[PDB]
Amino acid sequence: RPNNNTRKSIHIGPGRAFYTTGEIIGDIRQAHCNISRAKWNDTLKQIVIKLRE
Amino acid sequence: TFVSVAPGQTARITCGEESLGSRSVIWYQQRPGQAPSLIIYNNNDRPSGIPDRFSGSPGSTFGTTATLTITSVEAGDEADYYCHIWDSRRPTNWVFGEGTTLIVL
Amino acid sequence: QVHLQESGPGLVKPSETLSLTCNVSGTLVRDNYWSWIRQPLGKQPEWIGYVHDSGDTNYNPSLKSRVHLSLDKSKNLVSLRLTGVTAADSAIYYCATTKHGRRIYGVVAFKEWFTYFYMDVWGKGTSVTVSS
Ligand SMILES: *[C@@H]1O[C@H](CO)[C@@H](O[C@@H]2O[C@H](CO)[C@@H](O[C@@H]3O[C@H](CO[C@H]4O[C@H](CO)[C@@H](O)[C@H](O[C@H]5O[C@H](CO)[C@@H](O)[C@H](O)[C@@H]5O)[C@@H]4O)[C@@H](O)[C@H](O[C@H]4O[C@H](CO)[C@@H](O)[C@H](O)[C@@H]4O)[C@@H]3O)[C@H](O)[C@H]2NC(C)=O)[C@H](O)[C@H]1NC(C)=O
Ligand SMILES: *[C@@H]1O[C@H](CO)[C@@H](O[C@@H]2O[C@H](CO)[C@@H](O)[C@H](O)[C@H]2NC(C)=O)[C@H](O)[C@H]1NC(C)=O
Ligand SMILES: *[C@@H]1O[C@H](CO)[C@@H](O)[C@H](O)[C@H]1NC(C)=O
Ligand SMILES: *[C@@H]1O[C@H](CO)[C@@H](O)[C@H](O)[C@H]1NC(C)=O
Numbered sequence: 001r002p003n004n005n006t007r008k009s010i011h012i013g014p015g016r017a018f019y020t021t022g023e024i025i026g027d028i029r030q031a032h033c034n035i036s037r038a039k040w041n042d043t044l045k046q047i048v049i050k051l052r053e
Numbered sequence: 001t002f003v004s005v006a007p008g009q010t011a012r013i014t015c016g017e018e019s020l021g022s023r024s025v026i027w028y029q030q031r032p033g034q035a036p037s038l039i040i041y042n043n044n045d046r047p048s049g050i051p052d053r054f055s056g057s058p059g060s061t062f063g064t065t066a067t068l069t070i071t072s073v074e075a076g077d078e079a080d081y082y083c084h085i086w087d088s089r090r091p092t093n094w095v096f097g098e099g100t101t102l103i104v105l
Numbered sequence: 001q002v003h004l005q006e007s008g009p010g011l012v013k014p015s016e017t018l019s020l021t022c023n024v025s026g027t028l029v030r031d032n033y034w035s036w037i038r039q040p041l042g043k044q045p046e047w048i049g050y051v052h053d054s055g056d057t058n059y060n061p062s063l064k065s066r067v068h069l070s071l072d073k074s075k076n077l078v079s080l081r082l083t084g085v086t087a088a089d090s091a092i093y094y095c096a097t098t099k100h101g102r103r104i105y106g107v108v109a110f111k112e113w114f115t116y117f118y119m120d121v122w123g124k125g126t127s128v129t130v131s132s
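Residue numbers (the numbering used here), protein chains in the order written: chain A, 1 to 53; chain B, 1 to 105; chain C, 1 to 132.
Accuracy of the hints is not assured; some may be wrong.
[As the list claims (entries may be wrong)] Calculated pairs, SDA-like style, for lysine to any residue (alpha carbon to alpha carbon, straight line, at most 25 Å):
id, chain 1, residue 1, chain 2, residue 2
1, C, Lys43, B, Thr67
2, A, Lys50, A, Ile35
3, C, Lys43, C, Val12
4, A, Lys8, B, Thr64
5, C, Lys64, B, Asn93
6, C, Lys13, C, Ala91
7, C, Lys75, C, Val29
8, C, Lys99, B, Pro51
9, C, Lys99, B, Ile50
10, C, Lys124, B, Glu98
11, C, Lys111, A, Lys50
12, C, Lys124, B, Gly33
13, C, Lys99, B, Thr67
14, C, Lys99, B, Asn44
15, C, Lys99, C, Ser25
16, C, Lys64, B, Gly97
17, C, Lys43, B, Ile103
18, C, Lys124, B, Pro32
19, A, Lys39, C, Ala109
20, C, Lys64, C, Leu77
21, C, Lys43, B, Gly16
22, C, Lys99, B, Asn93
23, C, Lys111, A, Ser36
24, C, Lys64, C, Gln39
25, C, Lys99, B, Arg46
26, C, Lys99, B, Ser48
27, C, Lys13, C, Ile92
28, C, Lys43, C, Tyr116
29, C, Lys124, C, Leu77
30, C, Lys124, C, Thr57
31, C, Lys99, B, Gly97
32, C, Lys124, C, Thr86
33, C, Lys43, B, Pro51
34, C, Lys99, B, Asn43
35, C, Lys75, C, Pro9
36, C, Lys43, C, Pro61
37, C, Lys43, B, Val95
38, C, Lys99, B, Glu98
39, C, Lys111, B, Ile85
40, C, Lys124, C, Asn60
Hint data in this document are derived by calculation from the structure and do not stem from the laboratory.
From just these sequences and the hints, can you work out the full model?
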């Protein structure tokens, strides 16, 4: 999750706090996840062979 | 601002605001009565025709300022320098940065 | 080598249409990006915008409604038009080349990257004075 979020605290009331992100340090981006090819489409073939029964 | 340095020494020029996002700083050198020319692109890359005496700080350490460092400054290097800012978090600058005048003694 | 020369009227009355002519030699105007830079006396240069024949052209939002750019393929020259000129426009025009660069810091997809432009070859420049 590339953002390098900072750590800011906001006071609510008696002996309590509400912790949020204050600012984004660096370059903003999005959350993403790799899945390598020749490992999922080959494995999808493994499911359909047993699903061909 | 004003910079005074002896000939043959190393001088540093600071231009622009503090770093907020990724930087691609463009530098120019303008002699009096002339026009500026290509000096630095991509903060350390130069086209063919100029030596390696011109060096620039990379845009990696966030919270700093882009800096121009010149080694062994000679008498003909006395010219106006202007910095251009490209940032991923700041809008595209349509006006160049404030100039810095260096003095060679 | 690419050599550029600019011509103009020099003295322009207020509220008139100012036109420039940028002679291009040694290269074709279709294969390169072109931009115009206006530099006030004693001040930093000001960028107007970059133009190309393919339509990838953007302008300064401050001067979007007053500037017009055109290309002459037959005569190999670049012209600019500006209407409603004021006393604050008393500066020096420049006709310079423009090359595009790609900065890729992140995933190549998802439209995170931003492109940049730099000026390679500059013209000699011409002086334009606006007065009544
Ligand atoms: C899988 O998921 C991963 C993440 O989990 C994805 O990974 C991303 O991949 C892309 C490639 O498509 C990566 O983009 C690259 O980014 C680097 C960044 O380098 C810059 O930043 C550094 C840190 O800030 C900095 O140190 C570098 O400084 C160098 O350069 C400056 C000049 O700019 C110089 O002064 C310094 O001295 C250093 O030398 C630099 O600024 C970038 O460099 C890469 O450029 C590539 O392309 C150019 C042009 O072709 C080429 O010349 C380069 O050599 C290089 O090949 C590239 O843009 C991205 O960073 C990754 N993100 C993460 C979080 O890792 C991935 O996309 C997903 N899919 C796959 C299939 O893996
Ligand atoms: C988010 O909005 C605030 C407005 O409340 C922006 O301005 C900041 O305001 C706080 C509270 O007064 C100051 O402490 C900060 O110094 C202000 N920021 C700056 C840059 O001056 C703020 O900039 C906005 N953006 C972020 C990322 O916080
Ligand atoms: C994240 O930011 C902190 C400063 O808040 C810095 O010390 C650290 O190096 C940064 N890490 C990355 C990966 O950018
Ligand atoms: C699966 O993906 C790999 C990776 O490119 C490819 O070479 C192969 O042809 C693919 N097979 C099928 C059945 O799509």
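| Holds or violated: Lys111(C) with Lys50(A), Cα cutoff 25 Å? | The given pair, whose Cα atoms are some 40 Å apart, is violated under the 25 Å limit.
| request: Starting from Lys39(A), check that the Cα of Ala109(C) is at most 25 Å away, please. | output: 21 Å, holds
| task | Could you grab the alpha-carbon distance between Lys64(C) and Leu77(C) and see if it respects the 25 Å cut-off? | result | Distance ~22 Å between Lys64(C) and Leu77(C) Cα, so the pair holds.
| Regarding the pair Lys124(C) and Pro32(B), is the alpha-carbon distance no greater than 25 Å? | Given pair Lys124(C), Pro32(B) holds - Cα atoms ~14 Å apart, limit 25 Å.
| Does the structure keep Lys43(C) and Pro51(B) at a Cα separation of 25 Å or less? | 29 Å, violated
| message | Please verify whether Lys99(C) and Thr67(B) have alpha carbons no more than 25 Å apart. | response | Holds, at about 24 Å.
| message | Please verify whether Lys13(C) and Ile92(C) have alpha carbons no more than 25 Å apart. | response | 16 Å, holds
| message | With the threshold set at 25 Å, check whether the alpha-carbon distance from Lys99(C) to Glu98(B) stays at or below it. | response | 24 Å, holds
| message | Run the distance test for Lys99(C) versus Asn44(B): straight-line Cα separation, threshold 25 Å. | response | Holds - the C-alpha atoms of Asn44(B) and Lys99(C) are around 17 Å apart, at most 25 Å.
| task | Take the C-alpha atoms of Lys64(C) and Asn93(B), compute the straight-line distance between them, and say whether it is at most 25 Å. | result | 15 Å, holds
| Are the Cα atoms of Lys99(C) and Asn43(B) separated by 25 Å or less? | 16 Å, holds
| query | Does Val29(C) lie within 25 Å of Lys75(C) when you go C-alpha to C-alpha? | reply | 10 Å, holds
Against the hints set out earlier in the document, violations occur for numbers 11 and 33.
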